[PDB]
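Here the complex is missing one protein chain, while the rest keep their positions.
Just so it is clear, A and B label the chains in written order, and each chain counts residues from 1 on its own.
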Amino acid sequence: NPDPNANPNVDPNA
Amino acid sequence: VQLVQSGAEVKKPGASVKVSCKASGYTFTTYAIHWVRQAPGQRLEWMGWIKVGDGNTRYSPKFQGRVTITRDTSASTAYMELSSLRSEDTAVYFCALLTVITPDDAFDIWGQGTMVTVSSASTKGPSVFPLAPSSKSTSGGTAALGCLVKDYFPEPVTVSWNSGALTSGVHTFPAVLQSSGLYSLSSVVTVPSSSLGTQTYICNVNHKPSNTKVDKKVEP
Partner (left out) sequence: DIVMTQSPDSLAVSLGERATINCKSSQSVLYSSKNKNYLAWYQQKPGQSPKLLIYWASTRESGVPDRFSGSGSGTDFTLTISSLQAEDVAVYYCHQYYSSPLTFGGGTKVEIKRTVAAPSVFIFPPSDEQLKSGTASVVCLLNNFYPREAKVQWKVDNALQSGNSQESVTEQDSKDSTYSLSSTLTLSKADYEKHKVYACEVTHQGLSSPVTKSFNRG
């Protein structure tokens, strides 16, 4: 799975 | 919505550099500020990020011991400080709101970049010479004129014309490296030959590493 803290500016949905 | 960085720098090996990134146009605490470097001729390398809200940081392992990202919330500014500099750290350093992706919207904003050269060589400010328009640089109703910016170290010099009001027809060339190790470059513009008697052309040269500012009037 992706790391959500790799870039905090990315919301895990779009 | 802008990110505006501090100006170019020269450092010697073993020093540190601190670059700033002034944010404006949004709530500074909402997003994370990243720092990305681009060595000349090279790919982009991410250095790390700071959550402006709480001040938490994440650094890339390549830089983990040498870099510090900080922020001043009241000043709306983020900083990146790189320590124990080597010639290899010569690069353009960017701050960026990388890929802000929400369900509503997606945007991405970068600063203009800060050039940092790490070198033991001597800093040298340029001489600025006019390239005057003449019968040998006219072509019909057009005249070419310019400025020669000679013998400086390190890069970058910036050149503008008439404080930025003249941009149409400007070519500022990439610098060449002379056998001496010094750089030179030229900047030219094509203009009406009929108005050489009324218009004033001034090339504004800045070499921030040497604290050199020259405004050279180019006359016929």
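The rule is simple: a residue touches a chain if its C-beta (ideal position, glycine included) is under 8 Å from a C-beta of that chain, and two chains touch if they have at least 3 such contacts.
Novice: Identify the residue among B:77, B:160, B:190 or B:204 that touches the chain left out of the display.
Specialist: Answer from the full complex: B:190 touches the omitted chain.
Novice: Of the residues listed, B:111, B:126 or B:154, which one is in contact with the missing chain?
Specialist: Within the whole complex, the residue contacting the unshown chain is B:111.
Novice: Which residue numbers on chain B touch the omitted chain?
Specialist: Looking at chain B, the ones touching the missing chain are residues 34, 43-46, 58, 60-62, 94, 96, 98-99, 101, 105-108, 110-113, 127, 129-132, 134, 136-137, 139, 142, 144, 146, 148, 150, 171, 173-176, 178, 184-186, 188, 190.
Novice: Over the whole complex, note the residues of chain A touching the chain we left out.
Specialist: These residues touch the chain not displayed: 1-3, 5-7, 10, 12-14.
In this section, only the chains that are shown with their structure count from here on.
Novice: At what distance in angstrom does the C-alpha mean of chain B lie from that of chain A?
Specialist: Roughly 31 Å separates the two chain centres.
Novice: Contact residues on chain A for chain B in the complex?
Specialist: By the definition above, chain A touches chain B via 5, 7-11, 13-14.
Novice: Show which residues of chain B lie in contact with chain A when the two form their complex.
Specialist: Against chain A, the touching part of chain B is residues 31-32, 34, 49, 51, 58, 97-103, 106.
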